[PDB]
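The chain below stands alone, shown as structure tokens; this is the form solved without this ligand.
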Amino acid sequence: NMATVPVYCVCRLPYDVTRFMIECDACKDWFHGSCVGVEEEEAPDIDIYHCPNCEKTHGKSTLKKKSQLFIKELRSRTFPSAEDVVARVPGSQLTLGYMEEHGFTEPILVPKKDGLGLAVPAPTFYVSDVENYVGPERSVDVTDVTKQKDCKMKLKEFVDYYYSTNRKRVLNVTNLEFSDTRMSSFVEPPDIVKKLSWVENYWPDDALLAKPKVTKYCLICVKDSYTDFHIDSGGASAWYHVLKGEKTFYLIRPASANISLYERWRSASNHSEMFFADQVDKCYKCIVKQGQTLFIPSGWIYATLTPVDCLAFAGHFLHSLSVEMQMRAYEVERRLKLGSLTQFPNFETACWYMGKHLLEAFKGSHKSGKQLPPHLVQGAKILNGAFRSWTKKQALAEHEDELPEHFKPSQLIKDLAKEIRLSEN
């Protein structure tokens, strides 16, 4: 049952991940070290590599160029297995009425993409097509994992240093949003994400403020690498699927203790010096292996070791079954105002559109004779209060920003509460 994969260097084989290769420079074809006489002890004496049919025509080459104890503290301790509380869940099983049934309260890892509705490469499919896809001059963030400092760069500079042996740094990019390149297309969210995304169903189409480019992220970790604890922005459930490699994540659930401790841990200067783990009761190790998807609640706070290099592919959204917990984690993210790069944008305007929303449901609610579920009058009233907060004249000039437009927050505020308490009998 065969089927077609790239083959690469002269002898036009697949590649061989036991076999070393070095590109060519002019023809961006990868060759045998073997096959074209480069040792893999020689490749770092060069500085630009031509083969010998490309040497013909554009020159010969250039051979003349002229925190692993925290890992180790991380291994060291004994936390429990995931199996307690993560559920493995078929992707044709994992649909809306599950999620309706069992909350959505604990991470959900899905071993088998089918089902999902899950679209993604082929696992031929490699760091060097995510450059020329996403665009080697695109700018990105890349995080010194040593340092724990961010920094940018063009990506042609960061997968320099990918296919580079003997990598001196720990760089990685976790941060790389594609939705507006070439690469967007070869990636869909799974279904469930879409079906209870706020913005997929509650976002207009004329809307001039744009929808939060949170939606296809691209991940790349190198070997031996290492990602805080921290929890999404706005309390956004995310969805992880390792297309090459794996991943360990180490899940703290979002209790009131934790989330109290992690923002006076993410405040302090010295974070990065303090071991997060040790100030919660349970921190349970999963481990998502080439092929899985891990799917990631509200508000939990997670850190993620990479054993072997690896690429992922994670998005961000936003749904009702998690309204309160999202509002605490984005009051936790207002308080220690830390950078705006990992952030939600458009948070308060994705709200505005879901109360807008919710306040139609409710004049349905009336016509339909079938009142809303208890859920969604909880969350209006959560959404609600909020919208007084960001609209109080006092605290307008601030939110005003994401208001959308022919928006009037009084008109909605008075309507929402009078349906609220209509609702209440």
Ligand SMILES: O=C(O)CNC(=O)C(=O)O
The other form holds:
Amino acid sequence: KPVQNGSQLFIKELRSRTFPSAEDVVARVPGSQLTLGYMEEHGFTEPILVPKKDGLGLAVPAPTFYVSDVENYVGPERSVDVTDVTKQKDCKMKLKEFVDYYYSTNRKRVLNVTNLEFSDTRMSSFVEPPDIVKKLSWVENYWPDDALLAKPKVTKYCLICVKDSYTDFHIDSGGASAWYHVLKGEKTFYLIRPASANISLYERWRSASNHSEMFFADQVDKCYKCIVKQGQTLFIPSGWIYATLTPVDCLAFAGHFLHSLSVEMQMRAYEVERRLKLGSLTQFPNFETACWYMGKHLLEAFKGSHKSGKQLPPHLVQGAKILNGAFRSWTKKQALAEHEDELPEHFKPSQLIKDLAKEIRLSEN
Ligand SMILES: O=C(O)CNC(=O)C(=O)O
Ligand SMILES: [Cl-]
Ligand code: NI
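For comparison with the form solved without this ligand, kindly provide the form deposited with this ligand bound.
What follows is the entire complex, opening with the chain shown before.
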């Protein structure tokens, strides 16, 4: 008999499986050591676990900040996406209704809130992303504060999961990288490397009518188990395919960001998303716009490289080429209609592409 992902049975089985430890792949790093230098030296190609907040410049509430508080600072009448884990189906309800379910006994259902972005609430002031995320983030660095398009609202999520909840394998929208901090409880991540065949396997699995009856990790070479405990912060690189299990009631904060070390993976994940035609529910809003602003940054970085005769690092040049190809793809007569909606004001894509192409040729000398 086919077992639904997320079902009691499925979790009992999952808890019994053995996985390779993330000892192999996930670096343990002191907060004050997670610098742009470390990132640039290692390339952010593997998840990073920071055991203690110290040095991250991460601001989060004391661990004595409960779901009941979330209800207060966010708003009990706030509409929120609740995931029914057993049905692996979603629905909407007032926060107050979820929080009421959360505190009941005996809980019949297994429900999660994993899409609750609170940067537009009073609770926003209680959480500040780590310094390294602010340094890496495209939006943070290159999106003008007076822009007419709203910044992507993906920087502050509150995740509330009950014991025995399960989030199925996925790549985060836009191939965005993530910071994920467990305030209370713990979270188990099953991490899959975004090797080319793994990505291809994921796309095929994710679009099969029966994907919620198939355990994706059975299809890959290695699925690493990483347990993130209370107070620890996990950073997930671009493109990683992953799932989570919640062994005890968990409260966590997370944020998503794009950056210059994974321009290719970001575009490839985006392209995968495009084809899957999934719900905009989790999509990375104005992903294209972020890329546009990055493209203008690169142009300026190139022009600035001429005043000093100093080259731009190879990853930026390659990045520029990938972005430029995207820009061209997005501004094709036919395509302009769909993608113009994310074009920043006062942008002339033609001159941008031309100027970038030219400036890439020059660096290719
Ligand atoms: O909290 C969970 O278990 C699931 N969270 C995510 O997959 C995420 O924040 O992108
Ligand atoms: Cl970003
Ligand atoms: Ni996710």
